[PDB]
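Heads up, the chain below is alone and in the form deposited in one PDB entry; it's given as C-alpha cells.
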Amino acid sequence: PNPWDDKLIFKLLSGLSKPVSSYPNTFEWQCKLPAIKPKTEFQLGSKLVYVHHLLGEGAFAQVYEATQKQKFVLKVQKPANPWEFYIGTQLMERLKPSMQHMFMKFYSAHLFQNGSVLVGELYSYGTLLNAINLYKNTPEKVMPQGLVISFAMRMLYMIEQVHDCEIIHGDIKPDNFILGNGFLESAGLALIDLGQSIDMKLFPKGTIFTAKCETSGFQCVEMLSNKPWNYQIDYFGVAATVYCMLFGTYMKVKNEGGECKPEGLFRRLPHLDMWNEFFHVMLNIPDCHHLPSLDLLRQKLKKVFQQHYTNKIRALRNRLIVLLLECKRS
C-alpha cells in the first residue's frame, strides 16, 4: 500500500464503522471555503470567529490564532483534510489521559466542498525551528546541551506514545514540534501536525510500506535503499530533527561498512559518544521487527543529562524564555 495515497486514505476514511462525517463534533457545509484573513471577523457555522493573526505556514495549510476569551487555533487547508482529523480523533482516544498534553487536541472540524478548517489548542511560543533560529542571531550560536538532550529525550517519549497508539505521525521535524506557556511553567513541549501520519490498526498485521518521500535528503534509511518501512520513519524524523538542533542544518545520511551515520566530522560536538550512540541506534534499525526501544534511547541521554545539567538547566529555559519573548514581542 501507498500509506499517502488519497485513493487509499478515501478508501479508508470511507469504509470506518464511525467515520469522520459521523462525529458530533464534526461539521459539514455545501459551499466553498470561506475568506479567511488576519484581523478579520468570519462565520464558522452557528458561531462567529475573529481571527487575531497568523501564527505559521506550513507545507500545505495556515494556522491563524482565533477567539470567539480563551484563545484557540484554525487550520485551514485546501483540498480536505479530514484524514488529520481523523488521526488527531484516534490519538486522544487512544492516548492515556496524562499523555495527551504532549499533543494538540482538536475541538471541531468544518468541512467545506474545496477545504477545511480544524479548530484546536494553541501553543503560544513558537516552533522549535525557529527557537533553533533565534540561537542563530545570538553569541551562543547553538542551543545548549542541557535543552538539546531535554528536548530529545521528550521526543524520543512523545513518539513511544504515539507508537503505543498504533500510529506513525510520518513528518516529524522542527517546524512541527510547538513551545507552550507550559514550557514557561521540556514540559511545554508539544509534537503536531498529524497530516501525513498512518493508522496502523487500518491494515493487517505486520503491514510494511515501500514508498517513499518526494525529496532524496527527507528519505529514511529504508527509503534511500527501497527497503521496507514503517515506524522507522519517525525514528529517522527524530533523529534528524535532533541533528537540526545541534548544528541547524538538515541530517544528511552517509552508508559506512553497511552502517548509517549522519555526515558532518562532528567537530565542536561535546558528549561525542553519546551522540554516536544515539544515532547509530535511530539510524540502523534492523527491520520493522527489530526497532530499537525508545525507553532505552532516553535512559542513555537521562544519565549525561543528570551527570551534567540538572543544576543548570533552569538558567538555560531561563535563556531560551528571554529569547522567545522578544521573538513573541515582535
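Each form is matched to the other, and the largest set of C-alpha atoms that superpose within 1.5 Å is called the rigid core. Residue numbers count along the first chain shown, from 1. What changes on going to the form deposited in another entry:
- After superposition on the rigid core, the C-alpha displacement between these two forms reaches 2 Å or more for just one residue among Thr215, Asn114, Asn226, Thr138, namely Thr215.
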Second form
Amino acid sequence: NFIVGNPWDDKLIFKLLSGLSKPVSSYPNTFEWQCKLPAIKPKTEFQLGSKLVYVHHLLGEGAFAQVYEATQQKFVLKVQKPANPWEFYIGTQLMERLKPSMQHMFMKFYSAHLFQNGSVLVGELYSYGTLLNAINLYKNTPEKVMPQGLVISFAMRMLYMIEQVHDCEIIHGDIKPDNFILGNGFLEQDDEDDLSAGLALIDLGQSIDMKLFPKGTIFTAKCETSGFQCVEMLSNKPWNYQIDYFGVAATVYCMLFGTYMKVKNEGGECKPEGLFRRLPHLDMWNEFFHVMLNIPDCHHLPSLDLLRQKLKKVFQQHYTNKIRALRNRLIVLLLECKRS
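Structure of the form deposited in another entry, please, following the form deposited in one PDB entry?
No partners, no molecules, just the chain.
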C-alpha cells in the first residue's frame, strides 16, 4: 500500500522520465532543438526544424497549451511552455499497450519537438469541436440540453474508453467535456452497437502511468493542477483510478444539464446537485451517480462493464429507433458551428 503525495510534481516527473530504459529522446519521432521556441501565430509560416509548416487557425486553448490547425492533409500543433515530453511519453505508451483496433478512440501523436523553453507536438486532427462546445450549441436550441439518447450513447462510450485506458494501467487524470472531441468517426458512425466510434479523448498532459510506481500505490494530493477535484480529494481520502470515474460522471452530468457538476453530502453518501424529479430515467441516473461518486476504496472499483449494461438496457428500451434522428440533428448543429 505504497504512497505518493503528488503524481503531477515536476521533480517527480523529471525523475521518472530521466530514470527510463528508453528515454523519450530515444524514440524515433521525437526531436530536440537547441534554439528557443519559434513564434507561432495563425495564418503564418515557420519550419518545424526541417520541413515548412503552415498554421491556418487556432482550434482551441487550455491552461497548458494552444492547439493550431496545420498543413504540409491537415493536422494539429500542440504548443506549450515549458516543454511537456511527458504527454508524448504517455501517448506513445498508450498506443503501444492498446490493441490496434482501439487506437482510433484516442489522439495519435505523429511527432514531438522539444525546444529549450517549450515543446511542439504534432497530432491527429478532429474538426467538429469538443464535447463541451456541442453541449453549448444545444443551449441556443429549444431543447436547451442534449437528448438523453445521445447522452446515454456518449456515456457508454466514455465508460468503454476509460476501461481500455485503465487496462493499460494508465489514468487520464483530467476527464472533462473540454478534453472530449468530435471527429469524422462521429459523422460516419453507422453501427450504434460499436462503442469504438464517434468519440475521441485527448489531453494526456496530466496522465499517470501506474507501471512506473510500485504495486498498489496511492495518491493523496487534494487537487489536480488546474484545481480539478474528485470526491476523495474533497474527503481527504486516498485515490488512484477513482479520479477518472469521477471525471466521467462530471462529464455526463454536464451533458445532462449543460452545467458543471457540483457535489453535496446527503446522509451517508455523496450526491450531485439538482437531480430534479422531471429528469427522465431518474432512477437509472441516481444509481449511476451513486456508484461513480461513492466508491468505498481503491480495491473496490465499480465494474465499468456493469454500468455500461445498465445504460444499454435503458437505451435499448427507449432510443434504438430515435437515435439516427438525434445524431443527424446533432450533425447539422456541428456543421453549422464549424461553418463559423
